[PDB]
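Single chain ahead, by itself, as structure tokens, in the form deposited without the ligand.
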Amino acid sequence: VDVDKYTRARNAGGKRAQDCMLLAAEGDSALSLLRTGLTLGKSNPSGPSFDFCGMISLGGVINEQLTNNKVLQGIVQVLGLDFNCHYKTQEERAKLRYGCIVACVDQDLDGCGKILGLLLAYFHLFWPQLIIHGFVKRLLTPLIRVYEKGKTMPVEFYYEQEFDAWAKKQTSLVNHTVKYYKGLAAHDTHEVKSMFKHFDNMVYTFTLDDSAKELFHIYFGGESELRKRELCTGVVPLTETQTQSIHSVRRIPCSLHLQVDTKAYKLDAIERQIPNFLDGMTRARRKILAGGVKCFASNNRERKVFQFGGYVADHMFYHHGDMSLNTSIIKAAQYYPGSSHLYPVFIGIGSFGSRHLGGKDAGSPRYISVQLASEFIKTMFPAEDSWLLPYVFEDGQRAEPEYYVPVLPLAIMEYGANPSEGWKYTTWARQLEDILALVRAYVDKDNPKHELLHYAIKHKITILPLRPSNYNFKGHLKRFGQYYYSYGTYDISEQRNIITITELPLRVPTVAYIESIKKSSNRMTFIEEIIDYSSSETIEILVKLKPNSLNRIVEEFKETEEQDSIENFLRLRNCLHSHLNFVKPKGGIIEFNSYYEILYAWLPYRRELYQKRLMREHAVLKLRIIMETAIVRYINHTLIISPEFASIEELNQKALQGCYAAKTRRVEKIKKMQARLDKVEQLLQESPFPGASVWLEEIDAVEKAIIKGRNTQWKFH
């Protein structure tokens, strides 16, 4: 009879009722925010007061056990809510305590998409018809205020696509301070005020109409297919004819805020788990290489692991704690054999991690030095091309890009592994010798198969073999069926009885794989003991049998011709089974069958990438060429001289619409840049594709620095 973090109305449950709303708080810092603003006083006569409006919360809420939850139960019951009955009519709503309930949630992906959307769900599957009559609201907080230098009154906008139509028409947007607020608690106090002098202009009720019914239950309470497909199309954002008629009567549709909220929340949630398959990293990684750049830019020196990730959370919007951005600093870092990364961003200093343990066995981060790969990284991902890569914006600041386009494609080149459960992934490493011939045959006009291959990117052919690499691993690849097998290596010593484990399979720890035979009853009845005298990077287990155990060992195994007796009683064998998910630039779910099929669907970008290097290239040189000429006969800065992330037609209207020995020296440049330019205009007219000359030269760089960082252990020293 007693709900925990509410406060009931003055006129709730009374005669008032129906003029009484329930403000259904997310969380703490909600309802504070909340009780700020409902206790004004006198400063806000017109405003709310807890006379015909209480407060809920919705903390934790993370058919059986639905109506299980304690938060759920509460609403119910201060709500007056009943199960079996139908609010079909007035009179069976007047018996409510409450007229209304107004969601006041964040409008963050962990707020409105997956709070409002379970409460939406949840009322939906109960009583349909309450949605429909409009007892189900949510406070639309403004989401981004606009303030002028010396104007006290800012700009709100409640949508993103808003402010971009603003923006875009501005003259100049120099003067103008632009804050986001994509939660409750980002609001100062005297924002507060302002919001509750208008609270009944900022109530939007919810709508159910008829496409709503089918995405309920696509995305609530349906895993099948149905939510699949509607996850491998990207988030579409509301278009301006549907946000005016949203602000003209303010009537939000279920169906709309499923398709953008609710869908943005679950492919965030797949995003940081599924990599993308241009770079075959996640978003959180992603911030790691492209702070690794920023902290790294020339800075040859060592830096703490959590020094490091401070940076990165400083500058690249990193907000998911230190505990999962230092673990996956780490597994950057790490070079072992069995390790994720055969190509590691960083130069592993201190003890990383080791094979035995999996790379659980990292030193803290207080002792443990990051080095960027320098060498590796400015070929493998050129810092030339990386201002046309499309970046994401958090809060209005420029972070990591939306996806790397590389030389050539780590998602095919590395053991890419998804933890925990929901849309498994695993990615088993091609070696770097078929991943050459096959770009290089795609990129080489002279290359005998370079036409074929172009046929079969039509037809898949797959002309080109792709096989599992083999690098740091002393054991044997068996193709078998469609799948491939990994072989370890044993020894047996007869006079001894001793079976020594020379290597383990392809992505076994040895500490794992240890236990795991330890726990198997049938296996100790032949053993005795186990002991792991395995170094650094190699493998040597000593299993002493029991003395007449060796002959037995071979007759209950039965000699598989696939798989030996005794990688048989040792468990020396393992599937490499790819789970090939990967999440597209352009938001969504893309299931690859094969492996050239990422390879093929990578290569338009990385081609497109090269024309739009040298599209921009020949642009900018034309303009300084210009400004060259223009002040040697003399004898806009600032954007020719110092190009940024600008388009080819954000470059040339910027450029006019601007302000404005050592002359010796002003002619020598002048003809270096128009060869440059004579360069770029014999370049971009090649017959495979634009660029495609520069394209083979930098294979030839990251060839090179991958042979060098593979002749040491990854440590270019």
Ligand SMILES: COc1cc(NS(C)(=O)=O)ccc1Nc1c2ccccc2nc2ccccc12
Contents of the next structure:
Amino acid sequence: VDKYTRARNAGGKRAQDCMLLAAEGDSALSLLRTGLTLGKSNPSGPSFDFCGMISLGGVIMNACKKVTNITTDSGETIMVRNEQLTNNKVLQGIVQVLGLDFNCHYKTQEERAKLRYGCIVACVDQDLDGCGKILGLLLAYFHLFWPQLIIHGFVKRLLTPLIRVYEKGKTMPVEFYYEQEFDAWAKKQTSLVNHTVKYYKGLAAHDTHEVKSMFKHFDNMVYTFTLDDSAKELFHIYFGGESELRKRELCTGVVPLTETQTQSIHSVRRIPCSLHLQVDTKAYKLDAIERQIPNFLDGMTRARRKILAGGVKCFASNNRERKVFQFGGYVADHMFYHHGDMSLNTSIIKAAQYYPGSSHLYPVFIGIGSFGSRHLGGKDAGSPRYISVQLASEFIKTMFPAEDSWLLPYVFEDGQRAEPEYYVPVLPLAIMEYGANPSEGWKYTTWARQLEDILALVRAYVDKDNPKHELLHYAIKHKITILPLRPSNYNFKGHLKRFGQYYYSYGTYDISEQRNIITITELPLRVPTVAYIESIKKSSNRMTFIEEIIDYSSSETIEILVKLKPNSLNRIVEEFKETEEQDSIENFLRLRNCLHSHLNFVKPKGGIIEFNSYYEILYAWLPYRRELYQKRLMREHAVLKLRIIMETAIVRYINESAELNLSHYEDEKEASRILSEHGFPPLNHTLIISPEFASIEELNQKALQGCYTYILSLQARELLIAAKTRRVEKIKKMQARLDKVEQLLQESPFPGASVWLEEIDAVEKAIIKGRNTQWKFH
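Given the form deposited without the ligand, corresponding form solved in complex with the ligand:
Single chain only below; no partners, no other molecules.
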């Protein structure tokens, strides 16, 4: 087996005293290599002897769904391992390394004495992923196959400190493990002074002195897993065929460990499996839900919104083209993406992809290069080393307003600003965008709607001139949903049909019996048209019904001809029995594609919310835009009144400076006192000019006090009469804007109605422009 170092005196007379170290990644492998090669000054410290090495290679499969538990009626319960589980390299490799056998149950001392290694230790990163997932699946598999090993403490793991705080003059850290504990320690402390906080989001982040200190006390910080009676049901709920069973368990939320339990764990290293599954595995599942379910407001996931934030920050200064990996590094460093690089590049490529049938109907990035056509479904995209991506500045600026991004709540990472909780847009992307995301307890499926029914719905909800406005409000208060919603017909030459409670997509075809050609210019919108012909190449008896398949379908279009026997038309017609909803030729070509919508979405707080129809999503997204417009108009009015009073103060100072003669003053304090005695209000102009996402109450309590830096910072060029006239004109313009804002807040329906109408018009104009081109605005 590869990546397995055979330790000396292992699998022999001293095998029971040996230990085995399991690594989730090569970083842990390197850390273990350094620890083993340390050697000197470590008598109790484990050298390469009795240690060995095995790497889990990242994420391994769980045998809960692989087993079948068939033919248990013979009086004994036997589990048959599926061939998909048997041939996995990692699982059989670790089985061979341990020398264990599936059939035997190690209840007595000798049975576990035959094991090659006395114990197995799992060494993973302290981030939310890995511990809880990799440990979770590993020990769940161990419990499912050999519960006695967990019962007798054969399996164990080492627990590294996630966060360390070092005090100057002292050589020992706090070595805290959970972020809740670190927050409690920070808040219980009088102040965060004389302390250095170190974050270890990965084992390889530790230094040489850190790893040597860990290996000096390697006998400590190693915890043995203990099995309880209640662990079996937790394992079945968290892992297994039962899907809805874990839904009701995830919908509640993580329960923090009690103080007495933590004290017991720290005193003696016996970690129960139930507590680990309830804390670490549940937290990992919740994190996966958050990171894979797009927020209904954004219609896009956390990684996608972080990518959008990085693109907005990078391309704001210059819209010049940037390569994929440069942008990935930029968004990783600036926006604190501590997961990886390949996943980030893949997500960027998927977001920038644009072709008929693609997941992104309105990509946020204008891509240059070979992103792949509809034929491979984006699988034939080029390498990230050379693919070029640039931001769609017009579409983003008409779809995600700058002020809206200013007032959005932000996620704080290590006390620093990061991507907002949700980019609530002028139009809900959860409706336009569509994709299939299976997320650790829920499935996310969507189908695009036409940008005519939703536009009419929003216009009626906003514009009071629409006769359906009152009717739409009645529908809002009574869930009537008078206006219809239909699947988007863009980039689809077929016809959509509705039967019962499900929509269906049909391609178009032409039949020429004189030459026996089966032309299919249109095919279902989501099939890649290449895996489709592969499926039709394995379509059972249709091999005798056809001769061969020829593909002339190029990019941007589909055209496929099917060779078939001259006597095949009648037999396929009499065999397929065309129904009232689908054609016999459609059945032969599998042109029918039933579409299902699983509207599983996360609330801005972080909880799963389900929607029966898109109308619920729209009616839940609307009030957020209402509140954001109201608060944005209020903040604009407040900052404009501060700006106008500040500009009036500056103008009065410029007028009075002819006889003020402030040059004959000693320091800044004397000038400030003189100008205060002259009646000038002190304003923090560094906050007035650039509010920088300041709420109303905090902006007011910051503008109550201030300083005369605005007066003392103006140059010797702004005192000219031309500058004074320009400032007076700006005063008049901003006063007119303030009056316009004030009268906008007084409209009957709701604040910011005409603003929303203008934003809708601008964004639909930009969308139409992008439709006319191939999303390349040049």
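Think of the rigid core as the biggest set of C-alphas that the two forms share within 1.5 Å after superposition. Residue numbers count along the first chain shown, from 1.
Can you tell which of 557, 147, 605, 423 moves its Cα by 2 Å or more between the two forms, with the two forms laid on the rigid core?
Result of the comparison: 147.
Kindly check if the Cα atom of residue 19 is displaced 2 angstroms or more between the two forms relative to the superposed rigid core.
Where the cores coincide, residue 19 still shows a C-alpha shift between the two forms that is 2 Å or more.
If we fit on the core, is the Cα of residue 355 displaced 2 Å or more between the two forms?
Residue 355: C-alpha displaced by less than 2 Å between the two forms.
Using a rigid core alignment, state whether the CA of residue 108 is displaced by 2 Å or more between the two forms.
The answer is yes; the displacement is at least 2 Å.
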